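Engineer: The residues making up each chain are set out below.
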Amino acid sequence: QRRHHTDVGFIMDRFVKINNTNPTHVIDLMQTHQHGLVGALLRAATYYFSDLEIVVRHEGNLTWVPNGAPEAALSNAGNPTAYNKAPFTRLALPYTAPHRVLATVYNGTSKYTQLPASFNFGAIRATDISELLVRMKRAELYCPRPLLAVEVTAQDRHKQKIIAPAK
Amino acid sequence: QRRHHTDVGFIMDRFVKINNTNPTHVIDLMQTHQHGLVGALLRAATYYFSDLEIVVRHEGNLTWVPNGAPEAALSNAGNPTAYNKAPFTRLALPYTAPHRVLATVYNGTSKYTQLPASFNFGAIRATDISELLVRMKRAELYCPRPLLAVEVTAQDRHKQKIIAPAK
Amino acid sequence: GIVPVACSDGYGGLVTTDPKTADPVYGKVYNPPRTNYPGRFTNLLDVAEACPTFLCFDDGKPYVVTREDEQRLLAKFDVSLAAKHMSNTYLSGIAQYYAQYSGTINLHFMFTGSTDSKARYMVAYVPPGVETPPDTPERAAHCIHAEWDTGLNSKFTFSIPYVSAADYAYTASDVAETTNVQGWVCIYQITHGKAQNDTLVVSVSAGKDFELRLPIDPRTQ
Amino acid sequence: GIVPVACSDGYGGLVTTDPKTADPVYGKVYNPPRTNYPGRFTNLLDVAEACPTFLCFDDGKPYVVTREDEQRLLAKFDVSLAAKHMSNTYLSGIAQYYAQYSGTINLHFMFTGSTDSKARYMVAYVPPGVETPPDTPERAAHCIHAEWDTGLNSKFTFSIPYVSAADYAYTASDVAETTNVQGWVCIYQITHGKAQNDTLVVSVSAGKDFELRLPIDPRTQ
Amino acid sequence: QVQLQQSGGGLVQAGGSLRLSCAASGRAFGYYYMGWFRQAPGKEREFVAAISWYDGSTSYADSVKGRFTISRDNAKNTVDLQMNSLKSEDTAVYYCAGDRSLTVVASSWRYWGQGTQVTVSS
Amino acid sequence: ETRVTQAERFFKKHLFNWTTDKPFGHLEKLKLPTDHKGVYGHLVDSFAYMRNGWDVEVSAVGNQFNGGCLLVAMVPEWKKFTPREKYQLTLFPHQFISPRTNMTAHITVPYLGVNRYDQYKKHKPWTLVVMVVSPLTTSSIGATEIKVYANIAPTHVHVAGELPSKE
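Chains as they are written, first to last, in my numbering: chain A, 1 to 167; chain B, 168 to 334; chain C, 335 to 555; chain D, 556 to 776; chain E, 777 to 898; chain F, 899 to 1065.
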């Protein structure tokens, strides 16, 4: 038997759109749509570790400040600045969070329903951002959690129309 | 003697236009013109197996859903999406049908003159499609069938004008 | 001189799942190791195989109750990952993201009934054959069936064979193709002693050779 | 630094039959093997050589009937893949897609006549020489000819030699170049005993050293 | 064809130990419950033991509980009945059988072996 | 799957009538499996998925005083034939039957199709084809009509997924 298409490191290695984009954006993997392939297969884990690659469609230059840097540092070009080409920009970011692994659910708070603000990958800024795609490289998952399929109201099972060569 | 130009794997490795194109298209090799080189040499086999490469001239992005995927999956970018360049797009598709080999003639039906809908390679969608070319790679054929030449009405044999250097 | 190159037409575009990497922007970052972290899973089917999950019978309960009526048919339920009974299962949750599947599926029966109650049952699987499932508890003996009595164990596991035409079967049962799609399981009660509200909980897990093939993103987004 | 390259002018376009591959979009797909599938053919000429197919004589029949008249000429038919008699043949069907050919062509004669009828025949091939085929059954003996009698077998195979000027000959006989293009075969009846409706079926297949050269797509599309 | 071959029988003193082997061939060894049945002279076949195919489990008859051990080897397609604390009542022919069924009845097991003779000497 | 050796037995039948008024191109067909009334029919109805080959022995009873030729063939994935391709039925497995020379044919074919198992209630892969190559010539000392037979037995019958009864 071949079990390569259900691999955790293989199913996570694809681009996924992040719907919420702002002129200043904090890159967090929990902004993915919860019902997509990557989003739903990610909420079915407790902890995770990953690198990232992003495709951004911006005007003007793009600045990236790592995790923990002040917000005022986004207005200086000393931090890695990317000059815009025609179609878009591809960048590869590392993992900079202080914790060894991140999490998708947190039981409580962290200040002396909402995850701590320290669960992010950095931030990006430009004069505006039109689209943003993210990609999880070398992903790993821990402590599985329930994964649910679509419900059936009164039928025997869900019916979805498949692609057919009918003319 | 040299018999390389009549090879089955060599005569099938060339681009052929598919006349019928729609905004949503189900890629089936039986849409080829029946009287062309590839079409006629393909109808002269009972079963076949092949990969594919396609050249598409589209507007907007192009999505591909494999065989058996629901039709509603063509509106999500999680499935392989290709962003349009200037001239056209070249992609290489695998063989995804459940059956070991496909067929060109079917004797009967398959539901508890028309082939079953499960004989396809996938589907493609864009905001519109202007042209589509297909290419059979590593083709193989089984169980030969009759192949017919053009008929002669009342002459001794068919006459076709050949290219000549006459000035 | 310098090397001549040809800029091919059609190549170079961005595809969501291309295998080529990007250019780094921030080098020399060493992250603390995540070694010896308990509970690391690398394959979804391994998790599906290891831990079974309950079935959802009628009215929304995970057990079937013994019936005091002439119909010896305790119940039937479709064997399909898109069926109504397998709606609340981890296996169906994984399977909703793939197009084709092939392999065995296991069934777990566990007797939570009282010790002082003894009974006899049988289970019967019917592949997509005859037009009507053998509702008769005797007609189903001609199928591939098994017999278990709650006198040597309270646990009994039954494997569902893979029978179909092609090599791989669809996971996303089509709008067309009516009549019993492929398979149904019905459970009969040969006898029962003082079992009026005695319970029976059924759970389903993946087989040893299960496999899912083509990843898709089918939901509405 | 980085490598300098020169973007050549004229290269890079898309040609329908270029030998370069495309960039994959969907990896890790393992298809079930199609091993030990009976009836796999890899060369068209192998199929053409193995199985002969019938000729289409006048009125649309695949046999020639014995004639009770002074003309000992049973019939003649052109040897050309674009002739009228070879119209319903697999060899002509293959040959219509190529420009040049070279090799031998075999002829099969089979006697479906009654056992109680005996006869004598001969076959004569005439290359593109004299202005008129030797209609005389004796004049054709000076050609490359053969003699067969239906007294030792009911099957007789005759090979048609390849005679022309150049190395390769056209397959698509031109509008110009009138007069007998290259070759004709005529069959004579030396004698016949009680053979008035006795039949004779002729079929044609490729030779051992046949070959087709240049693939084209000539039909009207 | 699902074929069962028994081995390991013979004569042995009371209070000793003996091991029986059931060599099975077929594509359905991994889905079938496998147990043993003993047929005393002049008596019908009776369940003595059984082993599951998924978790492993165990179930022995009351007459042999605490004295027997039944084990399976999926990689070798062999099922063994490790026997200890012999008594004279155990002199009988031991039959390897399997099916998807787990019962005490013998008629419900479709496939049977040829049987092996075990004699207990007092 | 299990092999049923009791379903492989012969069963003689009737193909057609060979008179003198039937010219070249007279075609008769008999798709397999037909309505077998033995164990094989019980397998067809009370079992779902079967695979098997075939072998056939056709005999034309007559005498050497008649003239003619008969062509018997096993076409896979049968389809209606236009007159033009009737000249090319030698591409399929075949033997020539002529009362002058031979009396019995023998064709053995394996199982082949898109699916590894087939439901013969829906799809019929093979077919027995008998066509008149040269017309039956006869005189006052020849038989005026010839009867053709047909022995037929499946080979290597394999079935999976046993089904219940109907009583």
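Honestly, the hints are just simulated from the structure, not real lab data. Ideal Cβ positions, reconstructed from N, Cα and C, are used throughout, including at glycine. Treat the hints with caution; some may be incorrect.
What the hints assert, rightly or not - Part of the chain B face toward chain A, derived, beta carbon under 7 Å: (1) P190; (2) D195; (3) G206; (4) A207; (5) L219; (6) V232; (7) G235; (8) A284; (9) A290.
Stated by the list, open to error - Cross-link-like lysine to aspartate or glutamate pairs, in silico, EDC-like; alpha carbons within 16 Å at most: (10) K184(B) to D690(D); (11) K159(A) to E220(B); (12) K583(D) to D392(C); (13) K749(D) to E623(D); (14) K1022(F) to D943(F); (15) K418(C) to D380(C).
Claimed, not checked - Label pairs and their computed distance ranges (CB to CB): (16) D919(F) to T191(B): 53 to 63 Å; (17) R803(E) to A92(A): 47 to 57 Å; (18) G818(E) to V535(C): 40 to 50 Å; (19) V535(C) to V105(A): 23 to 33 Å; (20) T81(A) to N187(B): 41 to 51 Å; (21) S783(E) to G485(C): 22 to 32 Å.
Engineer: If any of the earlier hints don't hold here, list their numbers in rising order.
Structural biologist: 1, 3, 4, 5, 10, 11, 12 and 15
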